[PDB]
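Engineer: Here are the chains, one letter per residue:
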Amino acid sequence: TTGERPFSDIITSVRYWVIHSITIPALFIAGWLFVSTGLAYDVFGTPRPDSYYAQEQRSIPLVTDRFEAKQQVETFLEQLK
Amino acid sequence: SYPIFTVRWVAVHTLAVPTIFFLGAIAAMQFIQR
Amino acid sequence: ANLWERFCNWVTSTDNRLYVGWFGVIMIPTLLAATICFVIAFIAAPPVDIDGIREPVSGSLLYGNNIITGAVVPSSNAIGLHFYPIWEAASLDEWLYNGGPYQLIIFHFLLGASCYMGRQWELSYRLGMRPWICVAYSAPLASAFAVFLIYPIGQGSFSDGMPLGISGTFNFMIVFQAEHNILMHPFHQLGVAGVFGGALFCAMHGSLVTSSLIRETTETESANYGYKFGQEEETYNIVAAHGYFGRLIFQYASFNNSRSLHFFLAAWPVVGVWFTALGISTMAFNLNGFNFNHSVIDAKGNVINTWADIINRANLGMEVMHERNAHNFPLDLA
Amino acid sequence: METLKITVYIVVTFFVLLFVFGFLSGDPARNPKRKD
Amino acid sequence: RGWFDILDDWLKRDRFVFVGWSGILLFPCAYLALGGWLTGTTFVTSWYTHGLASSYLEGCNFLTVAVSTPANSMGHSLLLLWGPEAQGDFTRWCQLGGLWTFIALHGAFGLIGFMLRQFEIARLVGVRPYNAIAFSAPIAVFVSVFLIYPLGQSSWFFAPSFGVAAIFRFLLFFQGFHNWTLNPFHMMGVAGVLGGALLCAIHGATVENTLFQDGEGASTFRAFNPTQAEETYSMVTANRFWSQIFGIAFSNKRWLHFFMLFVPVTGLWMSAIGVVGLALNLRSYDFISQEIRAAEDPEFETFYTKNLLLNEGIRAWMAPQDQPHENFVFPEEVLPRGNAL
Amino acid sequence: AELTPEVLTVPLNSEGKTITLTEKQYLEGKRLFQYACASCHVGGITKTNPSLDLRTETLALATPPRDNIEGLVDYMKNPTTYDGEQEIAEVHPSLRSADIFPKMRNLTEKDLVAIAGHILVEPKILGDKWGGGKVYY
Amino acid sequence: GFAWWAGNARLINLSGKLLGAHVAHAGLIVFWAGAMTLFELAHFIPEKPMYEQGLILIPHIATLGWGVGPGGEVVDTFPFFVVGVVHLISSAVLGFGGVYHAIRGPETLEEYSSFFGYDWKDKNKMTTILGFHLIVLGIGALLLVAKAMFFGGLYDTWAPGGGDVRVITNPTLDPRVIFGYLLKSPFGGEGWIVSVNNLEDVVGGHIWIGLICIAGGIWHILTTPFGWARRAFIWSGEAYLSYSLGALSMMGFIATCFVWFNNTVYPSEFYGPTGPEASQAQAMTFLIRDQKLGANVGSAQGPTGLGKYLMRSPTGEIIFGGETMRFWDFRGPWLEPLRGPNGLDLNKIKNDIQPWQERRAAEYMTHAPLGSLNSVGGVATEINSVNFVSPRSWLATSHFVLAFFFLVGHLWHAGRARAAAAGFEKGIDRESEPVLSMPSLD
Ligand code: CLA
Ligand code: CLA
Ligand code: CLA
Ligand code: CLA
Ligand SMILES: C=Cc1c(C)c2cc3nc(c4c5[nH]c(cc6nc(cc1[nH]2)C(C)=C6CC)c(C)c5C(=O)[C@@H]4C(=O)OC)[C@@H](CCC(=O)OC/C=C(\C)CCC[C@H](C)CCC[C@H](C)CCCC(C)C)[C@@H]3C
Ligand SMILES: CC1=C(/C=C/C(C)=C/C=C/C(C)=C/C=C/C=C(C)/C=C/C=C(C)/C=C/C2=C(C)CCCC2(C)C)C(C)(C)CCC1
Ligand SMILES: CC1=C(/C=C/C(C)=C/C=C/C(C)=C/C=C/C=C(C)/C=C/C=C(C)/C=C/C2=C(C)CCCC2(C)C)C(C)(C)CCC1
Ligand SMILES: CC1=C(/C=C/C(C)=C/C=C/C(C)=C/C=C/C=C(C)/C=C/C=C(C)/C=C/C2=C(C)CCCC2(C)C)C(C)(C)CCC1
Ligand SMILES: [Cl-]
Ligand SMILES: [Cl-]
Ligand SMILES: [Fe+2]
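Residue numbers (PDB author numbering), protein chains in the order written: chain E, 4 to 84; chain F, 12 to 45; chain A, 11 to 344; chain I, 1 to 36; chain D, 12 to 352; chain V, 1 to 137; chain C, 32 to 473.
Calculated from the structure, these hints are not laboratory results. Even for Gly, the Cβ is constructed at its ideal location relative to N, Cα and C. A portion of the hints provided could be inaccurate.
[Said to hold, decoys possible] Just some of the chain F residues that point at chain D, by a computed CB distance under 7 Å:
| no. | residue |
| --- | --- |
| 1 | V18 |
| 2 | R19 |
| 3 | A22 |
| 4 | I31 |
| 5 | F33 |
| 6 | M40 |
[Said to hold, decoys possible] Only pairs whose alpha carbons sit at most 16 Å apart, straight line, appear in this in silico EDC-like list of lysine to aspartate or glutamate:
| no. | chain 1 | residue 1 | chain 2 | residue 2 |
| --- | --- | --- | --- | --- |
| 7 | A | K238 | D | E242 |
| 8 | V | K47 | C | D321 |
| 9 | C | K323 | V | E23 |
| 10 | V | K47 | C | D150 |
| 11 | C | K323 | V | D83 |
| 12 | A | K310 | V | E23 |
| 13 | I | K33 | C | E462 |
All chains, please: the whole structure from these sequences, using the hints.
Structural biologist: Structure (structure tokens):
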């Protein structure tokens with residue numbers, strides 16, 4: 004009724020699945036790799052199971068300065084190296 | 012005689028492309044172990 | 011012309027200003043008993059030893075309550091699930107102390123409310139209507155059965171059914187959370203979805219019809235005077251409402267069938283609230299909300315808290331403080 | 001108390017029987033369309 | 012036929028998803044708010060702001076995942092990516108809670124955009140703008156809770172975090188610290204939401220059970236026609252039924268549907284006002300008469316005093332893990348507890 | 001932080017000899033402990049006698065000392081009261097009483113060591129939480 | 032008339048296809064009983080209590096006396112296997128008859144045989160089918176009597192010695208006992224039929240119900256409904272479904288309270304302790320612990336001024352203190368030895384508690400029917416560790432839900448039945464609106 008092509012007609016179409024039986028697994032795999040490679044950890048700054056605390060540490064590394072905050076978590080992060 | 016690429020095409024892919032990617036990332040995550 | 015037949019015709023008459031009916035024959039006396047006892051108790055009942063520990067809680071206005079703090083207090087934990095009519099007490103003074111009025115009120119109300127639902131079926135039949143309004147009402151009714159009867163049955167005491175008061179309601183819902191983690195229970199989450207969604211769709215439907223009213227009036231008069239009770243033509247343009255809302259989202263997510271739309275209005279909050287009534291009814295048998303306390307730990311095995319653990323710190327504060335003189339052993343098992 | 005108890009048993013019984021016999025009295029037939 | 016009009020032409024074309032001028036603000040902001048929430052809930056921690064795990068990547072599930080608020084130490088920093096806190100570092104920005112402000116602000120501007128969309132489409136279609144007006148209610152709630160409330164407090168830290176269980180924690184916080192259930196503006200909201208759901212269910216059921224017989228099938232949905240002039244159900248029989256069951260009934264279809272707009276809209280607006288009071292810790296926490304009597308009369312007890320004990324339990328048992336920046340140390344012996352528990 | 005040999009290293013006996021558990025043994029003992037013990041000892045408390053816990057300092061003051069593999073393995077065979085004065089196999093699960101406590105029946109000797117190892121390791125990981133109760137949840 | 036989503040209403044007057052639907056669905060029921068049992072058995076570990084293991088069908092078999100010995104020790108797993116296999120195999124035959132009658136067999140029966148054919152409005156034919164099933168039901172209840180008396184007996188949690196399988200030689204026949212249950216109050220300390228606490232009454236009632244169902248089954252084959260019945264009911268297929276829905280709903284609520292309260296036909300050895308049981312058990316556990324330390328539990332005044340361990344019920348019986356005062360109606364075989372005529376007996380408490388009682392109390396206390404939906408055991412504030420939700424909670428909650436919707440289904444189908452019978456289920460005739468011909472109310 005607006006002149007685009009009907010959805011029911013695209014997803015039963017052979018040409019549609021010829022493309023999307025590639026594009027959909029490629030994206031699912033790409034997402035996999037983002038995690039399985041470890042990249043997601045480094046991009047987002049998220050701790051790995053072994054790096055929430057230092058070995059004998061039980062203190063949360065809680066940000067407590069506004070303008071030094073960047074420097075704080077970098078300090079807490081090298082207290083694990 | 013329909014267009015292939017439309018505003019509609021774009022809004023759909025705007026959502027569905029990262030949806031799959033994200034499902035892949037989350038699928039991998041079920042296999043992470045401490 | 012026979013005497014019983016003339017009685018039966020008056021009971022079922024479609025001409026009484028308020029329909030009576032056979033369900034009405036039971037509803038009226040029980041709702042009056044419950045209402046009258048409620049009113050007197052709320053104003054004037056002396057304090058009630060709800061928890062059976064000789065620690066009476068004052069619920070009525072004349073004993074130092076206001077509208078917000080007052081309640082008919084649930085009956086004593088010493089009674090448990092035992093039936094405690096007036097004639098089982100040595101006196102009204104004993105019956106008042108142990109919380110007899112609560113039982114009287116709840117049993118009469120639940121009976122009368124159940125007949126209220128039946129009455130809704132009945133008049134629908136006398137008037138040639140379809141019958142299922144009463145099914146809509148079973149959702150609230152179910153909810154009242156859960157907090158006044160099913161939860162007490164599962165927990166072994168009416169002392170733990172919901173007080174009949176504003177602040178007592180809040181007491182009941184805080185203690186529930188501490189003991190059942192209702193917030194983390196899916197059936198409660200579907201209740202919120204049924205209630206939030208119901209309010210949303212109420213507003214939506216009322217604003218769509220209101221937006222598409224057909225001009226029938228001048229600027230100087232309520233548009234409401236554009237509808238005359240019992241007119242045969244519709245009073246709004248549904249195709250205009252459809253055309254606006256379809257474009258607001260997209261065409262196929264809008265209703266153009268008014269029957270489907272009005273059935274959707276009915277089903278969403280009825281079903282959501284069935285589930286939330288089912289939530290109270292199954293948590294009554296201590297099948298509680300999801301427990302993710304300490305579910306996340308690190309490579310060494312430190313606990314890594316989540317929001318579930320914070321929620322648990324709050325639940326704990328409720329736990330350890332509620333009914334602070336009534337527990338002698340370390341687990342509050344009912 | 002015993003007098004209260006009798007009275008209630010009597011009142012309740014009375015209403016419950018009105019209810020039972022009321023519906024036994026041809027309730028299907030009291031509608032606006034088809035009577036039997 | 013200047014360019015402005017050419018663009019208007021294009022923005023307002025009838026297509027599967029209408030765009031409009033409001034589209035320019037709506038679509039980027041709605042998509043970014045929603046992408047930020049999915050991104051943070053999938054990958055981003057709350058370890059450095061809250062000492063919490065909060066993403067699927069860390070082990071959380073859909074209930075416990077959240078985009079959490081910034082550390083209390085940020086105050087009300089806009090926390091711009093390019094701002095003095097994160098200094099352009101995406102990674103640090105995430106770690107300092109910058110996605111919370113991203114989401115909250117792009118969300119606010121999407122809400123505006125969406126309300127402008129309701130205004131734009133209503134004008135193009137020739138209908139009254141009551142759906143835009145009703146949508147003011149959600150807006151009030153969002154701004155009061157997510158913006159005004161934490162702006163009255165020490166920091167964004169105490170706004171709601173965007174997550175299922177984080178919101179449950181926010182509910183419980185408000186009980187123990189604000190005694191929000193006692194607040195008559197929340198009670199008016201309760202009555203609007205519950206009253207809305209009631210109206211919704213009672214109006215749908217009524218229509219469905221006063222239908223006219225307009226077709227032969229057992230499925231009555233088939234017997235409506237969007238363009239029929241005739242009412243599809245009987246207001247008259249609906250009105251007699253309710254007059255006889257409940258005593259009163261609607262007789263004016265127009266009033267009824269306006270009332271359906273009015274009830275839930277008004278209730279949400281009242282609760283927004285109450286949250287503005289709690290922005291300032293202006294609570295209905297206590298009744299002074301009750302407290303005076305209770306302090307003097309150790310036998311006087313109400314549901315009002317019982318609930319304050321529960322609030323006191325909540326505050327002391329949750330504060331240290333919920334407010335880590337405060338370094339609350341409560342030794343065992345100062346925790347309020349009843350017997351045995 | 002991670003499960004390092006220094007944390008997996010616990011006293012074998014009161015002499016002062018030590019044993020280093022494997023990660024395997026640790027997780028083996030945790031599982032076995034949930035199977036046979038946690039119903040009463042979840043988190044290192046004792047739900048049916050909260051005055052006695054599984055903290056290392058409590059076990060150390062038991063008679064005979066129980067802060068070591070030998071003491072704990074022995075306790076699982078022939079449990080006594082805290083002062084050592086009476087044998088309580090009739091009311092505490094033990095190999096001695098596996099006939100009335102059927103879950104102890106398929107426990108081998110190396111299962112006992114994994115369980116004793118878990119009990120001694122967990123306080124090093126969790127600290128006050130272990131045996132501390134709800135205050136530390 | 033009906034749409035796809037109400038498409039099974041298209042079978043109302045196709046007796047043969049509707050037969051297939053019922054028989055095929057009965058096949059699903061038998062299938063699940065078979066498969067589920069084999070699953071539980073495959074996952075069963077004998078050294079662990081059944082209730083630590085998520086089992087709901089093995090406990091019903093054990094309760095019939097198969098596979099268990101004294102104390103509920105599982106001694107032989109083969110009866111479990113057999114019950115599963117035979118059910119599973121039987122479901123193929125019912126599946127077979129179902130698909131045949133739904134797909135290939137005659138759509139309508141009344142032409143093939145005048146016997147199997149029926150019209151919903153044939154009050155004689157309908158009462159005859161009812162009578163056949165009544166006899167079947169009656170036979171079935173006698174099967175249980177036969178097991179109890181002539182084929183091994185039943186598990187008796189009350190048997191002296193910790194419980195045991197026991198043949199029922201003297202079933203209760205006195206109708207003052209049997210029907211007495213049906214007139215006890217459903218309130219606390221009474222409990223209607225849920226309070227049945229001995230196998231003689233269980234077996235005796237099944238004798239009576241067997242005879243009653245056979246008698247009434249013969250009655251209904253021989254009679255047609257009297258006129259007062261003819262005039263009070265609606266006679267249609269939907270009407271009859273609505274009557275059964277009501278009855279199943281009532282039965283479901285009863286079953287809920289049965290598994291929640293009754294520890295005789297749901298022995299606690301198998302199903303775990305009831306809520307009241309576990310709560311009594313905690314008070315016992317600390318009474319025992321404290322007394323060994325030298326506490327005089329009789330004389331120990333707790334905080335409130337009530338006894339810390341022992342108090343009086345409102346009718347004077349000596350009972351357990353604390354919140355468990357609400358559960359003093361609890362009766363269990365591990366507790367009854369301590370009861371005298373005035374309730375709990377202080378001299379037996381001081382002197383005669385046995386290790387096995389201490390053990391049972393510790394066990395039941397730590398297996399209270401509390402747990403999360405994801406099967407973390409204990410109070411909602413407990414930490415992860417113990418994987419446990421009591422069979423009693425799973426059985427209570429599931430049947431409350433099902434009972435509730437069947438009640439909703441009764442209202443749905445009853446009101447529709449009435450409206451269809453009177454001819455206005457599809458809506459109001461615009462040319463004859465009943466309200467437009469009534470006087471106005473004001
Ligand atoms: C003995 C039980 C019984 C029987 C034989 C019937 C029979 C019938 N019903 Mg009734 N009904 C019942 C119980 C029963 N009902 C109950 C308990 C309720 C309350 C919920 C209802 C409510 C009800 C309504 C509201 C309506 C009927 C209707 C009908 C008719 C058409 C039904 C159809 O085609 O469904 C088709 C089946 C479906 C559309 C599928 C439904 C699936 C359910 C909702 C999902 C359940 C999900 C499950 C629990 C968990 C999901 C797990 C996941 C992995 C899949 C038919 C005569 C219709 C009618 O009046 O016709 C005359 C109708 O409108 N029934
Ligand atoms: C317990 C579930 C149940 C049962 C037993 C039935 C049974 C029936 N339905 Mg109902 N139905 C159900 C659920 C059920 N339905 C639900 C959940 C819905 C909602 C979607 C519907 C919607 C529905 C509609 C809309 C209609 C029916 C109709 C019918 C009847 C004719 C179907 C037919 O000819 O199939 C034709 C189908 C096939 C030939 C496909 C194969 C189906 C077979 C049975 C699969 C079995 C496989 C199995 C593994 C084989 C084991 C075999 C071995 C034992 C030998 C039949 C008696 C129809 C009817 O009334 O006709 C008058 C009809 O119009 N049903
Ligand atoms: C209660 C369910 C039920 C009902 C009412 C019917 C009714 C009917 N069937 Mg169906 N049938 C059923 C179940 C049912 N069948 C099952 C389960 C199967 C699969 C085995 C079949 C397979 C089947 C076939 C293949 C055919 C029929 C046919 C017929 C018709 C003729 C019956 C006749 O003359 O039999 C003659 C009667 C006998 C030979 C007596 C049999 C004695 C039975 C087997 C013993 C009963 C004992 C007890 C009730 C079973 C419980 C045991 C178990 C619990 C261990 C009739 C309308 C025929 C038909 O309609 O043709 C058009 C036809 O061809 N049926
Ligand atoms: C599946 C079971 C079943 C069903 C559906 C029916 C159905 C029917 N029976 Mg039959 N009946 C059955 C089993 C069954 N019967 C058995 C086993 C017997 C032998 C005792 C009888 C003996 C029998 C006789 C003697 C008569 C019927 C009659 C009838 C018809 C009228 C029923 C009626 O009005 O009841 C409605 C019930 C009442 C009006 C009174 C009930 C009052 C009680 C006290 C209600 C208590 C409910 C309470 C909440 C629950 C607790 C129980 C309480 C005792 C403690 C109807 C077709 C009549 C008929 O027309 O037959 C030709 C008739 O006269 N039935
Ligand atoms: C929690 C309850 C709740 C939700 C989820 C909700 C949702 C919605 N209501 C809308 C409309 C409405 N709501 C209305 C009344 C109400 N709405 C209510 C309650 C709610 N309304 C209540 C109670 C009422 C009664 C007054 C009306 C009258 C309307 C409409 O007209 C409109 C509609 O069409 O409904 C069909 C839609 C607006 C779509 C939009 O702006 O897209 C654009 C999306 C944007 C701009 C992004 C916003 C981003 C948000 C604000 C911040 C980020 C959120 C995260 C992504 C997710 C976090 C999730 C965690 C918190 C768990 C949307 C579906
Ligand atoms: C932030 C940011 C950004 C952006 C981003 C984005 C935009 C994103 C997006 C994203 C997205 C876009 C995502 C998505 C995803 C999705 C998901 C992940 C989904 C899921 C789902 C699910 C899982 C579902 C399922 C289900 C269920 C559960 C139930 C029902 C059914 C269903 C099937 C639905 C930027 C760059 C600017 C920069 C700055 C920052
Ligand atoms: C009609 C219809 C329907 C329905 C269906 C049905 C319901 C069916 C049924 C069916 C069935 C109901 C089936 C059954 C089957 C079964 C079987 C076939 C079995 C077998 C088994 C076996 C083979 C065994 C073996 C074994 C042994 C012997 C031993 C142990 C082990 C084992 C297991 C291996 C539907 C809905 C679809 C649709 C529409 C139509
Ligand atoms: C087995 C057993 C036993 C016994 C049992 C019995 C013996 C039972 C009985 C039961 C019965 C014997 C029941 C009865 C029933 C009845 C009913 C449930 C009725 C109903 C009714 C109705 C429903 C009605 C209706 C109506 C009306 C009212 C009015 C008009 C209309 C109509 C008709 C609708 C015992 C416990 C010892 C133990 C264990 C085992
Ligand atoms: Cl409290
Ligand atoms: Cl207690
Ligand atoms: Fe409407």
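Engineer: Could you check the structure against the hints above and give me the numbers of any it violates, in ascending order?
Structural biologist: Violated hints (numbers, rising): 4, 9 and 10; every other hint is consistent with the structure.
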